[PDB]
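Novice: Between the sequences and the hints, there should be enough to build the whole structure, so can you do that?
Number of protein chains: 4
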Amino acid sequence: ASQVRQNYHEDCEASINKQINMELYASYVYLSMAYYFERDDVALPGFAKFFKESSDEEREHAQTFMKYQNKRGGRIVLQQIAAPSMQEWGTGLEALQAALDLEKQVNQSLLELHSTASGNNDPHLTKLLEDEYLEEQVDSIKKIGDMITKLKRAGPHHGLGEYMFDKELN
Amino acid sequence: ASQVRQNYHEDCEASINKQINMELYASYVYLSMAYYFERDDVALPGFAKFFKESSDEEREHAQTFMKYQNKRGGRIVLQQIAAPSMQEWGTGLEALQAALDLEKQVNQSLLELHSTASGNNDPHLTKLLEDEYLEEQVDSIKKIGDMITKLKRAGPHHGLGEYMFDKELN
Amino acid sequence: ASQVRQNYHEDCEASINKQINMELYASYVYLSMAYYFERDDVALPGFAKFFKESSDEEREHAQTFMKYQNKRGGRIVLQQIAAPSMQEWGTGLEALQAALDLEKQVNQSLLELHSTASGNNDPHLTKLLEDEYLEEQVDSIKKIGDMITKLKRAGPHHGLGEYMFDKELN
Amino acid sequence: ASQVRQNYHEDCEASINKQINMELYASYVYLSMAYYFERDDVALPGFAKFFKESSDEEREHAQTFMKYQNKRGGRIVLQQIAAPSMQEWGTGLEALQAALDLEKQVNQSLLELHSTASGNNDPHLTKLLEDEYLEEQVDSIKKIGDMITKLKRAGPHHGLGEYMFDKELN
Ligand SMILES: [Fe+3]
Ligand SMILES: [Fe+3]
Ligand SMILES: [Fe+3]
Ligand SMILES: [Fe+3]
Numbered sequence: 002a003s004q005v006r007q008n009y010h011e012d013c014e015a016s017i018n019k020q021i022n023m024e025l026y027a028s029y030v031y032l033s034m035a036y037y038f039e040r041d042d043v044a045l046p047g048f049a050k051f052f053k054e055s056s058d059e060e061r062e063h064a065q066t067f068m069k070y071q072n073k074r075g076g077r078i079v080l081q082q083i084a085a086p087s088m089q090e091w092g093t094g095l096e097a098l099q100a101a102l103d104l105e106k107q108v109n110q111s112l113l114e115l116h117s118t119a120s121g122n123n124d125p126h127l128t129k130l131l132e133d134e135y136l137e138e139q140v141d142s143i144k145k146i147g148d149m150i151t152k153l154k155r156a157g158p159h160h161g162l163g164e165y166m167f168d169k170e171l172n
Numbered sequence: 002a003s004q005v006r007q008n009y010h011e012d013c014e015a016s017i018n019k020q021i022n023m024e025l026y027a028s029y030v031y032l033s034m035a036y037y038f039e040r041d042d043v044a045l046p047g048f049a050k051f052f053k054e055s056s058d059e060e061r062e063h064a065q066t067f068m069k070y071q072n073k074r075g076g077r078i079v080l081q082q083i084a085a086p087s088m089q090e091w092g093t094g095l096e097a098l099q100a101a102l103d104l105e106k107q108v109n110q111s112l113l114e115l116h117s118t119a120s121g122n123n124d125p126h127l128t129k130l131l132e133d134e135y136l137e138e139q140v141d142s143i144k145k146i147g148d149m150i151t152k153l154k155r156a157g158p159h160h161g162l163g164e165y166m167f168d169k170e171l172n
Numbered sequence: 002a003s004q005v006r007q008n009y010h011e012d013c014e015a016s017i018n019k020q021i022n023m024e025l026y027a028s029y030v031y032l033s034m035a036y037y038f039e040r041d042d043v044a045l046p047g048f049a050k051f052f053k054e055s056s058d059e060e061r062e063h064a065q066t067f068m069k070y071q072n073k074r075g076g077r078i079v080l081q082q083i084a085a086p087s088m089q090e091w092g093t094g095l096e097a098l099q100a101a102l103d104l105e106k107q108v109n110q111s112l113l114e115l116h117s118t119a120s121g122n123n124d125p126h127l128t129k130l131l132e133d134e135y136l137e138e139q140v141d142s143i144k145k146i147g148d149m150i151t152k153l154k155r156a157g158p159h160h161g162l163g164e165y166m167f168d169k170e171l172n
Numbered sequence: 002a003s004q005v006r007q008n009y010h011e012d013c014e015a016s017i018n019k020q021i022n023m024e025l026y027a028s029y030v031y032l033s034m035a036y037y038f039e040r041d042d043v044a045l046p047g048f049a050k051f052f053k054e055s056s058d059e060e061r062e063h064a065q066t067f068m069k070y071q072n073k074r075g076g077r078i079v080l081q082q083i084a085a086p087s088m089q090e091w092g093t094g095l096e097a098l099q100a101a102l103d104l105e106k107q108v109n110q111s112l113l114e115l116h117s118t119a120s121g122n123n124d125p126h127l128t129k130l131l132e133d134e135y136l137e138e139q140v141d142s143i144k145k146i147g148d149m150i151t152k153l154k155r156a157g158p159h160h161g162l163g164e165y166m167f168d169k170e171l172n
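Chains as they are written, first to last, in PDB author numbering: chain F, 2 to 56, 58 to 172; chain B, 2 to 56, 58 to 172; chain A, 2 to 56, 58 to 172; chain A', 2 to 56, 58 to 172. A prime marks a further copy of an entry chain.
These are computed hints drawn from the structure, not numbers from a lab. One or more of the hints may lead you astray.
No distinction is drawn between identical chains; accordingly, a pair holds when it is met within one copy or between any pair of copies.
Claimed, not checked - List time: in silico DSS-like cross-link candidates among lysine-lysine, alpha-carbon distance up to 30 Å: (1) 154 to 19; (2) 106 to 154; (3) 169 to 129; (4) 106 to 145; (5) 106 to 144; (6) 154 to 73; (7) 154 to 69; (8) 73 to 169; (9) 69 to 152.
Specialist: This is how it looks when you write it as structure tokens:
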């Protein structure tokens, strides 16, 4: 095994590799949304900037797991990054609802990884998940929930409320 | 012929004079729109500013073509500048739709000039068109398309949406 | 079609989408290399930094193609990003040789795109390829070729020469 | 008991005292290494500086545990600090291999402390271990592992490679 490996279970190593792929997939989804909202027949630049930033954040989360794998003496295994199943994202609200679902999907998998780390008595990994992932994930979910509520107030259908809400994201 | 002339076809010289007139005409159209939107019974200061700037840009494009004609040793021939097609431009959306049509008419004419320069093996002129005209033309068309989409979302009829959209242009 | 689409052939639209996928794949390959060179049993921080930067460059090339598709009125269709061919890249020289072959594969694909654009008389797209892709591609291939020659001089096998060469990349 | 003591198990108090002694011992080992590498017949100033800093870090880790014992209402009991196992540490690689083994011994002891704290439901102490000890310990082990790999590449025997590697630590 690696000269550095200590108290690092194979199940945690394997789960971290799966989580890297999920972070990269979420990155890919947000990239798709970011460019969709720059279509000339969509033209929502506030939503575009919001999802560009979200895509960068997910990519950095993925890289932090890659750095972590190396720190612990595990071996990174990268797999194909699936395209989003559905790339016509609809209105701003429909994309925000899709982002909320994805954030909770990622959160569920991070909590499952935490429960693998806990069961294997790996406090270095539970600390990583708590400090570097679970905190930002709860904040991200609350932010998107807020946004969905504000947009439902402004008016979620194609119309003036959506035009106005988009400006607050710029 | 001019002491500087080299590889400059008379068809390209003639087409440059045509484009100078077209740019000056587009300048004139946007000037008409600019002051239409400063009428007391129209009063759309963002649209007025957008079209004032558009009118200056077209004028500078025409002067760059005049400078180019002299650079290559062609002879500038100025013609009458036609009156704008309209004296009243309608709503903001109707003016943007006329501007989109006009921008696409100019683009077609520039692409036709590129074809003439290419058929006459004039790479100095194809470089001029690609770098100084065709690039800005696609960006301008994309911007106006975005604007039309944004205005249709806010509410394209005379109303609060048009009043609010106008502020983003100011 | 899009309100902005003009002189944009369906074959160039489709080839742009393929190239977006290829640029994202190359980004993924360099990301794999970057973190491989941070393994505790590899520990080549100069190579790691070099491929991290290359990975960012390829992602930005992909995003520029996505912006371009929207500028022309095309539709971005994202496809799955294949996993890198290798998880272990070998010596520094072997990774550089793999990078050179990939850079030449991408360059061949860009040149085929240019030929498609030229045959369809699309000078806006030929200008894009020449200015934003083909120029950097030749410079990248020349830089990697230089690096391979330098590393062959320093000593390309695992040893003091590779250790010293790695420092010039840091 | 102390007026401040709350949820502080006698077994964790005793284990803190043992760990203070272990951190002081590791500080002593690195101090021995530091001045060994300043012998006129060794003369490795980069290795000397590296272990001087490691010796200071371990003393600060011990002092933080002493502060902690007082914070919780425990009683510091200091024990004799054993002399280092070796007075002569050999080559740079041999000292690094001894440092890696010591870092992993300390890490194992910290993980056992964490398990004691967890079994006694002491989250203030598990947080201390995770944030102030286990994180730096993994980073130190990864850094030393990197150094061993780099030195094996440069050439770990007495020779030009060791001379060059020593410079990267200075
Ligand atoms: Fe994430
Ligand atoms: Fe113009
Ligand atoms: Fe590229
Ligand atoms: Fe310590």
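Novice: If a hint holds in the structure, say so; if it does not, say that too.
Specialist: Hint check:
Taking the shortest alpha-carbon separations for residue 154 and residue 19, neither the intra-copy value of 35 Å nor the inter-copy value of 32 Å comes in at or below 30 Å. In this assembly of identical chains, residue 106 and residue 154 lie within 30 Å of each other by CA distance solely inside one copy; the values are 20 Å within and 34 Å between copies. In this assembly of identical chains, residue 169 and residue 129 lie within 30 Å of each other by CA distance neither inside one copy nor across copies; the values are 37 Å within and 34 Å between. In the homo-oligomer, the alpha carbons of residue 106 and residue 145 lie at most 30 Å apart inside one protomer (12 Å), although the nearest pairing across protomers, at 35 Å, exceeds that limit.
Only within a single protomer do residue 106 and residue 144 lie at most 30 Å apart by alpha-carbon distance; the minimum there is 11 Å, versus 33 Å between protomers. Within a single copy, residue 154 and residue 73 get their C-alpha atoms only as close as 44 Å, which misses the 30 Å cut-off; across copies the closest is 19 Å, which meets it. Taking CA atoms no more than 30 Å apart as the test, residue 154 paired with residue 69 passes between copies only; the shortest distance there is 22 Å, against 40 Å inside one copy. In this assembly of identical chains, the alpha carbons of residue 73 and residue 169 lie at most 30 Å apart only when taken from different copies (21 Å versus 42 Å within one copy).
Taking the shortest Cα distances, residue 69 and residue 152 sit within 30 Å of each other only across copies (18 Å), while inside one copy they are farther apart (37 Å).
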